[PDB]
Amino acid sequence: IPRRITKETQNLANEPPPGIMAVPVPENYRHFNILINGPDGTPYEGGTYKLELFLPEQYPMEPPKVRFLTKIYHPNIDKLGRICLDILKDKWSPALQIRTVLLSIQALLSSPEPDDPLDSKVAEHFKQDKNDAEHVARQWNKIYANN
């Protein structure tokens, strides 16, 4: 195991950020199961979101790959759980780390950016009527993120 991955793994296990848990899949040190609590003050409040994360072999030069497993109505997260976030793509750098990515995802849940995706119908709904799109997000939260 790369010493950096050991370090990151221990820090996340021992000092997780509030509302975030990240634990490796047994015998697969590069894969993690993540739980992020929906932030207070959002339609995701009360919900818990499952994500998975993989460290590819060219980490940390290349970013971790991360996706939602729980269904969610959010302008930056698509139907397949794919997260539109710049630090997971061209603003990644090896000076960032897994913890930074998880805090950013957690904050994305409070601060959606409805202009980033190229063609998201969900994003269009949030742009046209944010309070209305939040109804849908709040009912999905109740249905899908309450387990």
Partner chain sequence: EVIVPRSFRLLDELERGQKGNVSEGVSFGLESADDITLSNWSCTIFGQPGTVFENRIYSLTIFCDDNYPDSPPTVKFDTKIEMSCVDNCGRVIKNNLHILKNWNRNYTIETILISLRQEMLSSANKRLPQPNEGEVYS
Contents of the next structure:
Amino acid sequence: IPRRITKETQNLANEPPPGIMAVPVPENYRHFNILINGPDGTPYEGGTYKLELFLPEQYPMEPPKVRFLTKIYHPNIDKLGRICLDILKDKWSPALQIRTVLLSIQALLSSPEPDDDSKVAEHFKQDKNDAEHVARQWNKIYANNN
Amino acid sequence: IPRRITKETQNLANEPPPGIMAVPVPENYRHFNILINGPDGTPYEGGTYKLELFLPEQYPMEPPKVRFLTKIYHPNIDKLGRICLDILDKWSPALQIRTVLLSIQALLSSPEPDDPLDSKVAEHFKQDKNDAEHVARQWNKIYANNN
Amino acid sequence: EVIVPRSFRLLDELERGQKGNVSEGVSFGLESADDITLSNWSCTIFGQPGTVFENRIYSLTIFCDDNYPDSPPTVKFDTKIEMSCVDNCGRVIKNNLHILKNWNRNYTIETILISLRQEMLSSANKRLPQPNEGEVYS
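Complement to the form deposited without the partner chain: the form deposited with the partner chain bound:
Next comes the full complex, and the chain you just saw is listed first.
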């Protein structure tokens, strides 16, 4: 039970970034429940997004594993909630922490990267406003508090 | 035109089992159309279920083929209406078409989620029996309204 | 010990299967592209060369329940196959397959698929006559 994981757990609970909430699962200190608020001025505005995060055996030498549990219409997030993000893949460093990952995912909601083949990404390329209209409808359906 | 098939056909038409109807397709005595009522006290109550039964060339040495045409939420019936009945290896010419239809009818009353054909549906019946029957009752309303 | 949760465990196996980073003759992915629970798996095993199973692909379905990987998944063939470990409806008999009979949490969907390919080589199944190529259960 590493000192870093405890420190990060406490830091996320005591000083959470605005719009971000993270708490470990009672059965597993390495498995996290995560909420990320839908940023203002996006199709996801007002939405509450659930995610799960896992700290694998080789953390922090390797990145945490993260996926959305709330369905979302976004060029960088697939049908299973998997996220296309550099720091989750190759561009990870032990100097980065869980906090940074969550902030990046949050930033990704405001700044989609539609140049990273997928049907969704192509839809955002050809007609941004219509794709965001679809995304706004999914937000109402899937990301409400009720 | 074998004597047994003609006799069984007449036996099913003149004296059908309660809640079961079976008639052949015109110009194909081997093709059968089956209607089975959903048993009382089950999520399928009030519903009428379509099935198709084929008699192979070797019948009654080989078992008949049967599947539902009506969608049904049941742990022992897959998404394509196929069933898993021992009497279809445990088959004997001693058994008849009537035996098969009665067996299917009995299966609707006695689902076995621990011996599943559809594992997804089965897990639902094991984790939450009430909710699974609720879903099954709704399927009955929309898919088995009248034939 | 590090406990890897069901979801991330299945996502790891999915990443392997989707990449093609798999054993020879086996393929596995999700049955539904938007199945968030990652429970229903559409699989394929190739027939062993030099046996009755050779030169044909077998489609099969593997279902991982909520206690996976601590409990064995259920296996069912879609393509018709005659084998000692498969019943008349296509379901793999738990007792007739060693990895399912004595399941360990370290065993994967791949492990199951490979083990079925091994059972093809056994003396009991090697020369056992098969139904026509491309037949489904009925």
